[PDB]
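This document starts with one chain, in the form deposited in one PDB entry, laid out as structure tokens.
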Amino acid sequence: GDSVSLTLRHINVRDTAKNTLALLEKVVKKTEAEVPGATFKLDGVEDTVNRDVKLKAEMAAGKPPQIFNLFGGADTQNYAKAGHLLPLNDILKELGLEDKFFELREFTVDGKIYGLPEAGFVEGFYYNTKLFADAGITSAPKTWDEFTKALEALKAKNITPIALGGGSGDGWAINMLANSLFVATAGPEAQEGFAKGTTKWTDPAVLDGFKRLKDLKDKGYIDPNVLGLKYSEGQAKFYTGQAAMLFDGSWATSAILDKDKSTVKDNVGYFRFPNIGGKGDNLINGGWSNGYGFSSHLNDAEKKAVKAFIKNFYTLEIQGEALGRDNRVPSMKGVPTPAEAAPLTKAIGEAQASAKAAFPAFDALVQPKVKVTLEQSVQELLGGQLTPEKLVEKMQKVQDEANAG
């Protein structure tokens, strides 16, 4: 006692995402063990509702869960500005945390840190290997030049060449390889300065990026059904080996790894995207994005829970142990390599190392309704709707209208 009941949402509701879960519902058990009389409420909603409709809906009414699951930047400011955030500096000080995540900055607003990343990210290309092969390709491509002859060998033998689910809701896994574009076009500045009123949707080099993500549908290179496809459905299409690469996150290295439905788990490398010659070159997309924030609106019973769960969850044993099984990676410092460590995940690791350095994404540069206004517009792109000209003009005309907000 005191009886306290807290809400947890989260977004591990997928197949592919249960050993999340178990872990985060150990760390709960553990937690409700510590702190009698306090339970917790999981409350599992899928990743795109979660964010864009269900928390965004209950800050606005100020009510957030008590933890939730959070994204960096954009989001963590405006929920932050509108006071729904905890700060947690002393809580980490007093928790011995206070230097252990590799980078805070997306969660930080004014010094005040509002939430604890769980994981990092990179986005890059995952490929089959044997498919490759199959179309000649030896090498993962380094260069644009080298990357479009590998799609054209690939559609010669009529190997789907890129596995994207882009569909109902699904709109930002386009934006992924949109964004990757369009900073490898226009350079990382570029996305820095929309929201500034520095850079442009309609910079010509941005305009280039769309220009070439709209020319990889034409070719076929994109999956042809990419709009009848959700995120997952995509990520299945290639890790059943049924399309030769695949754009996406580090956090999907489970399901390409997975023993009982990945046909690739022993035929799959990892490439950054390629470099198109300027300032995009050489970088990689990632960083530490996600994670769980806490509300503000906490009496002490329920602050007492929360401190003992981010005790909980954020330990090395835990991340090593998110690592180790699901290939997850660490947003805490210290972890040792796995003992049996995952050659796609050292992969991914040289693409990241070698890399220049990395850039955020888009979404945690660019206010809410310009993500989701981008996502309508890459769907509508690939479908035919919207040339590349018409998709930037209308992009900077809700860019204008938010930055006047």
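Positions refer to the first chain, counted from 1. We call the rigid core the largest set of C-alpha positions that still match within 1.5 Å between the two forms. Compared with the form deposited in another entry:
With the two forms fitted on their core, the C-alpha shifts between these two forms stay under 2 Å for all of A153, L257, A308, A205 except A308.
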Second form
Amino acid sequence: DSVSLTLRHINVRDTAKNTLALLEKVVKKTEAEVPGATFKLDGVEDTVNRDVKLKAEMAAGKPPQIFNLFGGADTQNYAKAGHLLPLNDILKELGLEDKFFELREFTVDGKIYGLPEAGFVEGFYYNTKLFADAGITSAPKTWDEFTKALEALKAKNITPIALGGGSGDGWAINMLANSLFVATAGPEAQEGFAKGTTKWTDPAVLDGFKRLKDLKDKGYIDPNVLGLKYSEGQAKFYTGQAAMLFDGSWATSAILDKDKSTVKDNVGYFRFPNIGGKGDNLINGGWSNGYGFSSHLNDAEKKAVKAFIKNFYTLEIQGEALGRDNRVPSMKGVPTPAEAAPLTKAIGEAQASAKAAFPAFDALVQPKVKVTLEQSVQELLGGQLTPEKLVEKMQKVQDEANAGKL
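Cool, the form deposited in one PDB entry is there; where's the form deposited in another entry?
So it's only the chain below, everything else dropped.
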């Protein structure tokens, strides 16, 4: 039987034309395989869709059948209102329930209400030529290999780690801290902060901040860290003046910039190295944008939605977006097409080989906690706050935030 579905998407600018062509290819395949089902693509600017169009359709109880959806508050509100299709059974039928890095941003009371299309990871960009100058012939696999790479770089008077964390950019220090204390304490520590089951003051979390301070005190983190903006820290790396940079994968376009980058012919990438505890082989990431589906569906619409999901959420489709546009997969194990750029392949392998991902701590704690950590790590690197006093300050605001509801 005939069924028409509107597919609200955000791939409207010319820079998104290959992602749109990817979507259209998936649609055509789905329409061949489910005769009678047709998809009317409705491209709308991302912020217009989020803040205006989808929001009003949801208030009216009439979303399109398929729509670009953000995780977090948006998905929480629309699921609560009953307008999002629960996806648990479809994922199980398609064998997809364990194939994504992280669905928590689309999960409400155990039920999955959306599927991220792409996201970000964090890791070390590094300069292969500066590494070779210091005798480092491969990326550090482990923390001990990481510290001796740092020692070798310092001995050659090469700034080891670029970082711009001054003024209002404490969040950039928190990227590195984030992953250091997940490496020292494991991912479960930060999951429990907002629940009261774990604490910022736990010794393995404290250890991460002690290691962070030691990187700064030994000159491995750029001594000028607190006098540099985030973008200037990126600049320190990509103009060739630091051996590595911990940053999110959104920074690839800056690292490969046609006008500003001098390292784009000799840049590599590696995950945060293994310390040997509960955080080995994990990669930090976030996946907050993808497709949600209307709950207000007849049987024909439910069949076409499942068929679209089956054809869209595949390793091949994920891999095409990665290779062409440096769109970081939401799905695990995605291979990079051989035609991709070397840095794209480097990030893809670091992500694809990861055992699992963990969220940014700020996806797990209250805004006030996030703001406090940003100020605190600046004072930590600045020698004005000890690691012990940082974690007590953090748990004090964490306790107050948790009492905010309960």
